[PDB]
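Each chain, written out:
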Amino acid sequence: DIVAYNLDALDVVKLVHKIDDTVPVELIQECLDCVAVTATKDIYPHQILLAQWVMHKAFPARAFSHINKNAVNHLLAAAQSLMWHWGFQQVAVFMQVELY
Amino acid sequence: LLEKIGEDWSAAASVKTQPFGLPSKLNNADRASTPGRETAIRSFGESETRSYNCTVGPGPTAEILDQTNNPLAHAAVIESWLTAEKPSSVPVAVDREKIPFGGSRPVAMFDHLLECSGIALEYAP
Amino acid sequence: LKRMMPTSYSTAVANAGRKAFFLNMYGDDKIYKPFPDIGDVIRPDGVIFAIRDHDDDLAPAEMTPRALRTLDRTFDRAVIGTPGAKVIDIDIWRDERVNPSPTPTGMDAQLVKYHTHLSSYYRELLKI
Amino acid sequence: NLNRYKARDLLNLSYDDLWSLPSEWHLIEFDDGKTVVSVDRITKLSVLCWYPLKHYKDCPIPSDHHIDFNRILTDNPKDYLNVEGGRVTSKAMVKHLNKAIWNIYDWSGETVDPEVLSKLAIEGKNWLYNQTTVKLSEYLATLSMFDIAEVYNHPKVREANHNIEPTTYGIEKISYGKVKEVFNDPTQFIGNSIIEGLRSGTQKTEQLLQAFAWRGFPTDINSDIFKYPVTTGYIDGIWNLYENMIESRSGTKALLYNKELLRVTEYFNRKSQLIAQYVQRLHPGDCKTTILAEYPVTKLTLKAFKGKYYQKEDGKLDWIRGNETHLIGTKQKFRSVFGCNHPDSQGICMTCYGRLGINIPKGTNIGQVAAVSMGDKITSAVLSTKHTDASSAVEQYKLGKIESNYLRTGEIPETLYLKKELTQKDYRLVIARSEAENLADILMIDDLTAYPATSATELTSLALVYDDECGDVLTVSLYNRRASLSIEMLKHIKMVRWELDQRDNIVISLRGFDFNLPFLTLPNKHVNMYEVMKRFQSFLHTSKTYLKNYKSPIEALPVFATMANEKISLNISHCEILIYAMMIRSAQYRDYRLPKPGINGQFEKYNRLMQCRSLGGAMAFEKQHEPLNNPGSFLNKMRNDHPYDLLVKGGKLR
Amino acid sequence: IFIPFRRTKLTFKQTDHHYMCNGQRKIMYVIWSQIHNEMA
Amino acid sequence: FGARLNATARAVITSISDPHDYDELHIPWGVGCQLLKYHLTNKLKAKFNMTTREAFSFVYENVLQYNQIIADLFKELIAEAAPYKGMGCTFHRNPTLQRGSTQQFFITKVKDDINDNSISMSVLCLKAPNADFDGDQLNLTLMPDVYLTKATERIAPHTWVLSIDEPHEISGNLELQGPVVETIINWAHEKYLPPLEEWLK
Amino acid sequence: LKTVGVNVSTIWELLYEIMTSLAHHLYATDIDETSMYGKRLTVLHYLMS
RNA sequence: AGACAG
DNA sequence: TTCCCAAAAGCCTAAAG
Ligand SMILES: [Zn+2]
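Protein chains in written order, with the authors' numbering: chain X, 314 to 413; chain L, 574 to 698; chain E, 192 to 319; chain B, 2 to 469, 474 to 546, 565 to 677; chain U, 150 to 189; chain G, 286 to 486; chain V, 347 to 395.
What the hints contain is simulated information worked out from the structure, not anything from laboratory work. Ideal placement from N, C-alpha and C gives every residue a C-beta, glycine not left out. Possibly wrong hints are sitting among the right ones.
Claimed, not checked - A few chain E residues facing chain X, derived, Cβ under 7 Å:
# : residue
1 : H245
2 : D247
3 : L249
4 : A252
5 : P256
6 : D267
7 : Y313
As the list claims (entries may be wrong) - Listed next, with one range per pair, are the computed distances between beta-carbon atoms:
#  : chain 1 : residue 1 : chain 2 : residue 2 : range
8  : V       : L361      : B       : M500      : 31 to 39 Å
9  : E       : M195      : U       : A189      : 40 to 48 Å
10 : V       : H391      : B       : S566      : 49 to 57 Å
11 : B       : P23       : G       : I399      : 47 to 55 Å
12 : U       : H166      : B       : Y170      : 45 to 53 Å
13 : B       : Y170      : V       : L361      : 25 to 33 Å
14 : V       : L361      : U       : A189      : 16 to 24 Å
15 : B       : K300      : V       : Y373      : 33 to 41 Å
16 : U       : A189      : V       : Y373      : 46 to 54 Å
As the list claims (entries may be wrong) - Only pairs whose alpha carbons sit at most 27 Å apart, straight line, appear in this in silico DSSO-like list of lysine-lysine:
#  : chain 1 : residue 1 : chain 2 : residue 2
17 : B       : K181      : B       : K7
18 : X       : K370      : L       : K589
19 : U       : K175      : V       : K385
20 : G       : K332      : L       : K659
21 : G       : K332      : B       : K120
22 : L       : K659      : X       : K354
23 : B       : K181      : B       : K590
24 : B       : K499      : U       : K175
25 : X       : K382      : G       : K330
26 : G       : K332      : B       : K136
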């Protein structure tokens, strides 16, 4: 099940459209491009919590505690895209972030 | 009519694992939680592994037991099933270059335990 | 073979306290039903209890009305019997002397119902 | 004016066309000069068996492939008008498939993979099954009270079930003989499902005999025969109490001999497979070795040599078949596993092994094949001891040359006797105290009339001694059959008493004993195949016959071959493989790998070989700490390879 | 002869032994029973 | 030396008495659904826009119930196992005594009847082990690779045709069963024609 | 022991009876271990062991 | 380690 | 529990400084 959830979370477009069909693909592409740089840093509990909240209609929440880091980064990108489309831009900003 | 009517069939694509990676038995609460039993059948006993080692080269039998014993090999098998256009007729299940032999948990435990005694079984040169 | 149909009686046991809470598998959005009533019929997919681990931080994810009805096969605990099997009876045991009730308000209707009936029965036995 | 058909043309017909042939008598013409008179159904079965010949259009079909090959068309009608046709059995159809596949194999220059032949054989069997199941939906077999009455009401069976002396000779040789004569007659019962199946091997004769004829002498939990037999079979009701109880004890014996004998037999099978798994490779070809094995072919062991090459006159190699009368009881120079200088350390050539290697699949472990064949045969024999128990004729005890010099037989079916030559000197019996514990009871009992002689003593070896002080020890027990002192000698011992010895052995003076009286009464107990399996185990792993006692394997093979073939029909190649697995080269120098070419080397016990050949193979056997904690295991000595090595490690080849 | 008590589970066995009477050897059964459990 | 394989099932052997192939096996609905869990998940994800969670939910929900979709997925999996009769697998009977105790088969069809927890191994391959339909459960291991299928091809039934104890004889394990032999007897050995002399005259 | 047919009152009387009267059961026994007559169907003595 | 199934 | 069977202990008898 964990391997399957990894291979699932490796895609974002399908999960995002499962949450909301009306999401532009440009936002998804921008979030993936930002993941390509952000994957180096660490993932912090607020990011995981927000991604679990936003993406449960397509991805189980508890799987976030079992899946690998790349899957978590892709799910963070998808959750940020969903927040950005919905209108909660402030929380969307706090998705792909580094500690300082 | 008799008992042993069936309903004890135990098909399991993948079985939950102990902290020391090996399939385990099903406890009552965790055995009454799946449609039909999800037991890991010991279809490779000593006699079965004898027949396999003799009829087929020991290579494929060791590969099967490595897929079962090493959790990483089983994860690779499931990944190959899921990430293929044809889940049936997968060309190679586990890429042995990416996952070398010798990672099986019982064999690693045996080798480490011997090394703690100061000995290790190795091939003759 | 229709003339030879064995009758099978089975018992399913589920514990829900501070560890986990029952989901909603036999009730709509309006009515919360964790398990079938007496004389009810199990779902076409035989599933009962399906208890989910209790986590507060995951409240807006696994406690929404859709998430309670939806069953995740992994990470949840269901007891799976024969589908279409009529329920004979239900036995309820409750520890009523815990000041913070672990089960959140709303998901204790049938539980309290059957526990009240059993409590009346045993109270009448004790009174006799 | 019979019909005419050609074998190749008829085989090429489609299944629908083949089954759409008229009910006729026709002459099948084969590619040789012989023609067979046959009916349509036998011909259709023959073609369905010939199916493997379809893929090879250039192989001639000889006249012996047809099921009804007994009839051959000739000028004189005296040889085919009235001839019984070949019976159609499952074994017969398998035999015809065998004939077809080996005709394909022999027609070419043997350049046909036997795996392909076996593939074609199963394909032919499957097509036969499918065509029979589809087309023969109305020619089923039926059983009811009418068939049992038809067999039962036969006057000769009724005579064979009346006026019978209740003895082994009068039941299991006379009445059963009459019933067999009734069943074996090809004219008495026609259209009867039971006897039609019996004539084709569907039902073994023993069960039908125990049903229609008298049930014969059931057995208790211990393998002893009750004196009073069962008067009634199974078709009639066994309504008495004695007979019901004794057959119930037979069922109990079946359950126990299943359970516990499996418990021991599977462990012995595991050990044998573990040891034989060292001999691995059978490489097709020939090693051109000059070393030959001088094996004596006897009547019983001839069938075991069914595949093996040997030197004939003018230095030519021929392989024994199922029928050689001239070679019976003569010493021949076979090409054995021993003395095969094949380059492989654990590999042997095809010629040295035998013809059986053709049936062996390509990439198979040959030692495992031998061990598995032995395990199958011994497990089946041990479990189905009850199958052979249908005859109450207890396996007679044989006397060796040394034993015959002191003991004789006669005047009684079971008990032995002392020869008059023992009157020449004052001989004296010596028995062990362990085997004689309840003997002194005869002293306390004042009337040895109702006292059972078997409970007094259970002997396996007797020392006859005379003053010089010489004498010899003789083995009297035959596996489970432990000889017991007779009532007459019990009375003599009571009259004379005995005396111990420094070796703690009871000593009895035979002076004044009335001779020509019973001595060493043998129990009416069947020999157990479990004891024979123990004998096999002791052999493989005052004079006994252990394998390590032999100098060269050439003189050691025939003993094991006869010992196995007494009860299990085991090929000589398997025996050679097992013995060669038992062998060791230069046991003095602590070298435990297989000798080459196969004779230059001694024997060794099982445990030393398992714990001193390869540690990977030692891990799967008992007491792993013994070879782990062994200095020799740390010495860089040349060693053999075992498959468990690759399992002992995770799979790393090097 | 196996006799059970509230505490013990005793067994009475027997063996043979030799003794000389009037100068001639004679054989008689000696009946024994292990009762001290620590003896084994 | 072997313990508790994954992708393994165990069930009572009830067979098919129909024109079939010896290398043909019929795994049932529940065994097919649980054993081919990830194959069905892959097919659902590939065809339908279903998340993996929805795929597992659908598969587990429809183990004790029948539907057309999962049956079609089984059929298409077995069809996509192209150069084989079906999905390669090994079948074990205990105790493992002979070569035929372990034999390769090819899965061909999940049974549409939910009440059939049965395994249609071929009639011919019954005698290689001591398998009789008296209520015995046998083991089934799904081969997850083509390399493992090719390796197991050496354990295929056609390997025990030739007797390992006779030079040129087919092993007695290939003999036809009781009912078929009795049918053949009642058909061939019948007096449906006059003797040869009377037939000629 | 009184029920069976022995008159033990002290363990030494038991040893005398075994050495003299019950010794008959050690070498040539009239009764047999194989039978099941003259046996009790005890329940309490094993439950309350 | 006891029963059951093969 | 009881039978198998090998490995270490232990014992009388015999050979060299
Ligand atoms: Zn050779």
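How the hints compare with the structure:
Violation of the interface hint for E:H245 is found here, the shortest Cβ-Cβ separation to chain X being roughly 12 Å, above the 7 Å cut-off. Contact between E:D247 and chain X, as hinted, is not supported at the beta carbon level, the nearest pair being about 11 Å apart and thus beyond 7 Å. Against a cut-off of 7 Å between C-beta atoms, the interface hint on E:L249 holds, since the closest Cβ of chain X lies about 5 Å away. The interface hint given for E:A252 is met, as the beta carbon of that residue sits about 4 Å from the closest beta carbon of chain X, less than 7 Å.
Taking 7 Å as the C-beta contact cut-off toward chain X, the hint placing E:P256 at the interface is violated, the least distance being around 12 Å. Taking 7 Å as the C-beta cut-off, the interface hint given for E:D267 is violated, the closest approach to chain X being about 9 Å. Of the supplied interface hints, the one on E:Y313 is violated, with its beta-carbon coming no nearer than about 39 Å to a beta-carbon of chain X, more than 7 Å. Taking 31 to 39 Å as the suggested C-beta distance range, the pair V:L361 and B:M500 conforms, at roughly 33 Å.
Range check, E:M195 to U:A189: Cβ separation about 58 Å, and the 40 to 48 Å hint is violated. Checked against the given bound of 49 to 57 Å, the beta carbons of V:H391 and B:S566, roughly 55 Å apart, stay inside it. Between B:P23 and G:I399 the beta carbons are some 49 Å apart, a value that agrees with the proposed interval 47 to 55 Å. The hint said 45 to 53 Å for the Cβ distance between U:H166 and B:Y170, and at roughly 47 Å that hint holds.
The hinted window of 25 to 33 Å between B:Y170 and V:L361 is violated, with their beta carbons roughly 54 Å apart. The hinted range of 16 to 24 Å is satisfied by V:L361 and U:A189, whose Cβ atoms lie roughly 21 Å apart. For B:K300 and V:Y373, the hinted distance range of 33 to 41 Å is not satisfied, since their beta carbons lie about 50 Å from each other. For the pair U:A189 and V:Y373, the beta carbons lie near 25 Å from each other, so the given range of 46 to 54 Å is not met.
With a C-alpha separation of about 40 Å, the suggested pairing of B:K181 with B:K7 is violated against the 27 Å cut-off. Using a Cα cut-off of 27 Å, the hinted pair X:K370 and L:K589 holds, with the two alpha carbons roughly 25 Å apart. A C-alpha spacing of about 38 Å is found between U:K175 and V:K385, which places the hinted pair above 27 Å, so the restraint is violated. Between the alpha carbons of G:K332 and L:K659 the distance comes to roughly 12 Å, so the proposed pair stays at or under 27 Å and holds.
Proximity of G:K332 to B:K120 is assessed by CA-CA distance (about 38 Å); at most 27 Å being required, the pair is judged violated. At roughly 36 Å between alpha-carbon atoms, L:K659 and X:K354 are farther apart than 27 Å, so this suggested pair is violated. Annotation: proposed proximity of B:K181 to B:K590 holds, straight-line Cα distance about 24 Å (limit 27 Å). Between B:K499 and U:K175 the alpha-carbon distance is near 11 Å, which keeps this suggested pair within the 27 Å criterion.
The suggested pairing of X:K382 with G:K330 holds, with an alpha-carbon distance near 23 Å, which does not exceed 27 Å. For the suggested pair G:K332 and B:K136, the alpha carbons sit about 43 Å apart, so the restraint of at most 27 Å is broken.
The structure fails hints 1, 2, 5, 6, 7, 9, 13, 15, 16, 17, 19, 21, 22, 26 (numbered hints given earlier, in ascending order).
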